[PDB]
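Shown here is one chain on its own, the form deposited in one PDB entry, set out as C-alpha cells.
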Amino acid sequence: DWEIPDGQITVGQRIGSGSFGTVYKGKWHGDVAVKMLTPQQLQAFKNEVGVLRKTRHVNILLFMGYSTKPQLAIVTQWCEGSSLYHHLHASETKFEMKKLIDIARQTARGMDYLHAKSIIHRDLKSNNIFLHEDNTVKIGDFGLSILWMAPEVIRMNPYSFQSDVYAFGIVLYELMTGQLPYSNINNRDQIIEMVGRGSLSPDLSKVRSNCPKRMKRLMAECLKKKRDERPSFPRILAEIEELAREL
C-alpha cells in the first residue's frame, strides 16, 4: 500500500489553486508535489489515485502516495521547469527541430503507455506536458481547453483513445508551428460551433519550413474529423521513432 501516514510530509509553498484542489511543494524524502482535495471531493480523490497507481513510466508524472488524514492529499514527484505550453507560447524559446521531435516522441511514448494501460487521458494539451529539467516529458493532469477537443468531443461517451489522438495532433501542431490553432478567431464560441459542425480545422500551412514531410502527414492523420480514420499510438510512435532516426 501507498498510504502516507499523517505527519510525514512537510507541506511548503502553495503552488496554485483551483475549483478542484490546491497544490503545494513538499518535503517527503526529498521534493514532492502535494495536491490537497476537500473532504467532499472523495470520489475525485479515489479516481485520481486509482489512475495514478496504474502508471510506471518515465514520461508519466510519478505517483508516490496519498494521505487521508488529516486531508485528502495526492503525492507525486516534483518537477522543475515549466509546461510545454509556457515554452512554446510564452517564451521566445525557439526549440530546434531535433528537440521538437524528441518532445513529440516522448509525449507519444507516454500516451502509448497510458493506452496500453487502458487509460484515456481526456485532457491532453501542452499545459499538461511538463518539461522536467528542460529535457524529459512528464505527462500528467496539472489542471485544477477547447483547442484540443476532437469534433466529436465538442459535440457531446465522446472520449476515446482516438479523441486523445486528436488532442495529440493539436500538440503536434503547436510543436511544428509554435502557435496555437485558430489564433485568428477572436471568439471561443465560434471555435466550438465551427469545429463541431465540421466547418473548421487547423491551418497546417502555418508549419515551419523545416518541418519533416512525415510529420505534416502524421499531424493531419491525427486531426481527421472521423475518429476512426485517426491512427493509434503504436503507429504514431513508430512513425515518429522512425522520423527521429534522422538523427
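Positions refer to the first chain, counted from 1. Think of the rigid core as the biggest set of C-alphas that the two forms share within 1.5 Å after superposition. What changes on going to the form deposited in another entry:
- Among the candidates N210, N187, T68, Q43, displacement between these two forms reaches 2 angstroms at the C-alpha for one position only, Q43 (superposition on the rigid core).
- In the core-superposed comparison between these two forms, the C-alpha atom of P234 has shifted by less than 2 angstroms.
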The other form holds:
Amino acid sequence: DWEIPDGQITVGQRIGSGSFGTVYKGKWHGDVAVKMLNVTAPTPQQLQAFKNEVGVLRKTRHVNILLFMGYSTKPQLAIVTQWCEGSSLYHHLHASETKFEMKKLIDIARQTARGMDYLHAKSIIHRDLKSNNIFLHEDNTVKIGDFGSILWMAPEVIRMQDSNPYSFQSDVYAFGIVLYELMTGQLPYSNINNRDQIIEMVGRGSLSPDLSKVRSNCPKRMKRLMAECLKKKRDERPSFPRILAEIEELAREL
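Target state, the form deposited in another entry; input state, the form deposited in one PDB entry:
There are no partners or other molecules in what follows, just the one chain.
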C-alpha cells in the first residue's frame, strides 16, 4: 500500500498544470513532484475513482516512465512522483533550440519507444503524448508522463465520431509527430495559419506532415517509420514492438 501518512510531504512551489491536476515541486525523502487534484471532502465515488487512477499508475515500473511514488488522501487528494531535474523535449527543440546531433535524436526516439512499448504491453494508453510530456531527466533519460495540442491528435480523435477514438493506434500517431519534431526541429504545419483549418483538413483526411522538410542527415529508415506511424487509416499503423525494433536497428547502423 502506497498511502503516504499525513504531515510527511512538504509542498513547495507551483510549476503548472496539464491534462489533469496542478503540479508542485515538493519534498519527501529528497525531491518529488506533487500533483494536487483539488478535491475537497471526497465522496466515495470520487475516492474510488481516485484509487482507480492510482491503481493504473501503480501498474508501471519502467525507467522511461515517470516514477509513481505514493499518494495522500489527507489533507488533499494528491499523487507523489519522482522529480525530473531539467526540462522537456518540447522546450529543448523550440525554446532552447539545443544542438543535439542525430545520435542523441534517435536515442531520445528510442527511449520514448521503449516507454510506449511498456505502456502498451501493460494495456495502458497515454491519450495525450506529445514532446511537452517527454521529460529529459538530467538531459539523458526520457521520462514520459502527463496522462491546446491538436498537432499530435490523429484524424479519428479530431473527428470523435467513433465510440472509442483513443487507442494504441492514436498513441502511435502521436509518436509519429514527436518523430517529425525530432527530425525537422519544427512543429508540423509550419505554414498553415489557423488551428480550425488544421483541425478540418486532418479530420477530413487531406493533411499530414510534409516529410520533405526533414533535416539532410535524417536516416532513410526513419523517413519510412514516420510515414507509417502517420497513416490516416488507424489499422495501417505499426504497433510499438515493431516501432521499437526498427529504431533499435537504426540506432546500431548509426
